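Novice: Using the sequences provided together with the hints, build the complete structure.
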Amino acid sequence: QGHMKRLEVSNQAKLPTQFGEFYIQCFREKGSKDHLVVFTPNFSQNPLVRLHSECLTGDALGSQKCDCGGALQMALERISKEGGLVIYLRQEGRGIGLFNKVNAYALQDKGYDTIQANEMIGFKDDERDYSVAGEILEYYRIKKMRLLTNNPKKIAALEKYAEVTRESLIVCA
Amino acid sequence: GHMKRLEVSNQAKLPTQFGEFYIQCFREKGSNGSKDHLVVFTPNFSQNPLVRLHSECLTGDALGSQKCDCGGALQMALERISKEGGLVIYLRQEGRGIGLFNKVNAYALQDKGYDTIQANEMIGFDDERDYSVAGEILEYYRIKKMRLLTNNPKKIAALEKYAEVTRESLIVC
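Order-wise, the sequence lines are chains A and B.
Numbered according to the deposited numbering, the first sequence spans residues -2 to 27, 31 to 173.
Numbered according to the deposited numbering, the second sequence spans residues -1 to 123, 125 to 172.
Be aware that one or more of the hints could be misleading.
Said to hold, decoys possible - With a straight-line Cα cutoff of 30 Å, these simulated DSBU-like cross-link-like pairs (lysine-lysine) come out:
no. : chain 1 : residue 1 : chain 2 : residue 2
1   : A       : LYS110    : A       : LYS124
2   : A       : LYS154    : A       : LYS2
3   : A       : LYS144    : A       : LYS27
4   : A       : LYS33     : B       : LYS2
5   : B       : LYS153    : A       : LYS65
6   : A       : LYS65     : B       : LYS27
7   : A       : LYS27     : B       : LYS65
8   : A       : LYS160    : A       : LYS81
9   : A       : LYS65     : B       : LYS65
10  : A       : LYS27     : A       : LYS153
11  : B       : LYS110    : A       : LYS33
12  : B       : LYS11     : A       : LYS124
13  : B       : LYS153    : A       : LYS110
14  : A       : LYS81     : B       : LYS110
15  : A       : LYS33     : B       : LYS27
16  : B       : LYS153    : A       : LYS33
17  : A       : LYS81     : B       : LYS65
18  : A       : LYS81     : A       : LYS65
19  : B       : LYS27     : B       : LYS144
20  : A       : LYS143    : A       : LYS154
21  : A       : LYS11     : B       : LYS65
22  : A       : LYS160    : A       : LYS143
23  : A       : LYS124    : B       : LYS65
24  : B       : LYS110    : A       : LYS27
25  : B       : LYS81     : A       : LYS65
26  : B       : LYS110    : A       : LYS2
27  : A       : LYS160    : A       : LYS2
28  : B       : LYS110    : A       : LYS11
29  : B       : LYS11     : A       : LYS33
30  : B       : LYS27     : A       : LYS110
31  : B       : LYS110    : A       : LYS110
32  : B       : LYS65     : A       : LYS33
33  : A       : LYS27     : B       : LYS27
34  : B       : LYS81     : A       : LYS110
Calculated from the structure, these hints are not laboratory results.
Specialist: Here it is, written out as structure tokens:
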């Protein structure tokens, strides 16, 4: 589907998974990051949408940490039963990346407290931008949606691209 | 703290559905955040440890894909190192070093029934994966002998340069 302001869209492809049959489609922001949307063949005019920030440990390694453990899996189970999309953004560790997140873990392991840890690695504010997700929503022509999130910054960002109903994602509560 | 090509994080504990691992991030110095390689390992592994040199594959690794290209491979390797002792060296080299965007387009061509010669040409496909950073990781952990869980002669051939390698076959499908 071509390009829209340094965002390239791949063809869609079938992906059979243990959760069921999805389509996937890559959105390459050129800079340069390959985001992915995973969607059920049919979804409604008010689909369940999960905006997921990459978390390698929870997503791929079966982490049991509450930071992101089980979250991707829960979202894929939910869109599978109910229809919808997962918008998989490549923004590991709130935008500061895996390296720093691993050091944050190791600081936690040694028993530093939250503020000491942040201070030592350097993480000031959450550096994530979600406007790229807005473009993906326009591409699929989603006007209203149920967003699976407990993050008001994600809610706040997407409400200028569509009508958002919040829905909580409690994996670890 | 640096090495030759890589910067190394602190080691961090990761509790997983497979057992308790340690993880350590190896970042290519002067990389944007897209070369944060990760080693996942069991505490105090042997002198002939099981090693999986894993090329990032989002669909298999994170999305529960049932495709034989990479479906189940990461899970199998984590189950195995947890029982036997060892390491997964997770290299950020999605799509044979060509990337996720191209991989999804390659999938879409297979969906349409193009044959393998046709798909390659149309995608613009050489296997661009370098494994020499895995060598520095092996040197860092002082691994001079290993059982390499793979069916790829190029992975074997490359790691033979740094250590004595015994091949172990990976059977997922």
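Novice: Are the hints correct? Go through all of them and say.
Specialist: Cross-check of the supplied hints:
| no. | hint | verdict |
| --- | --- | --- |
| 1 | A:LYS110 / A:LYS124 | 21 Å, holds |
| 2 | A:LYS154 / A:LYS2 | 22 Å, holds |
| 3 | A:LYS144 / A:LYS27 | 27 Å, holds |
| 4 | A:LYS33 / B:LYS2 | 26 Å, holds |
| 5 | B:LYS153 / A:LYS65 | 35 Å, violated |
| 6 | A:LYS65 / B:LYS27 | 28 Å, holds |
| 7 | A:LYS27 / B:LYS65 | 28 Å, holds |
| 8 | A:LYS160 / A:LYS81 | 28 Å, holds |
| 9 | A:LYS65 / B:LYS65 | 28 Å, holds |
| 10 | A:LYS27 / A:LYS153 | 24 Å, holds |
| 11 | B:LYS110 / A:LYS33 | 26 Å, holds |
| 12 | B:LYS11 / A:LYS124 | 24 Å, holds |
| 13 | B:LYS153 / A:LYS110 | 39 Å, violated |
| 14 | A:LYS81 / B:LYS110 | 27 Å, holds |
| 15 | A:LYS33 / B:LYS27 | 18 Å, holds |
| 16 | B:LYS153 / A:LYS33 | 27 Å, holds |
| 17 | A:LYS81 / B:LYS65 | 21 Å, holds |
| 18 | A:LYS81 / A:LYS65 | 25 Å, holds |
| 19 | B:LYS27 / B:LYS144 | 27 Å, holds |
| 20 | A:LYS143 / A:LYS154 | 16 Å, holds |
| 21 | A:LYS11 / B:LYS65 | 10 Å, holds |
| 22 | A:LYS160 / A:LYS143 | 10 Å, holds |
| 23 | A:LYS124 / B:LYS65 | 41 Å, violated |
| 24 | B:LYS110 / A:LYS27 | 27 Å, holds |
| 25 | B:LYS81 / A:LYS65 | 21 Å, holds |
| 26 | B:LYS110 / A:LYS2 | 28 Å, holds |
| 27 | A:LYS160 / A:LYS2 | 18 Å, holds |
| 28 | B:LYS110 / A:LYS11 | 10 Å, holds |
| 29 | B:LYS11 / A:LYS33 | 28 Å, holds |
| 30 | B:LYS27 / A:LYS110 | 26 Å, holds |
| 31 | B:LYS110 / A:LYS110 | 53 Å, violated |
| 32 | B:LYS65 / A:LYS33 | 23 Å, holds |
| 33 | A:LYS27 / B:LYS27 | 21 Å, holds |
| 34 | B:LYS81 / A:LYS110 | 26 Å, holds |
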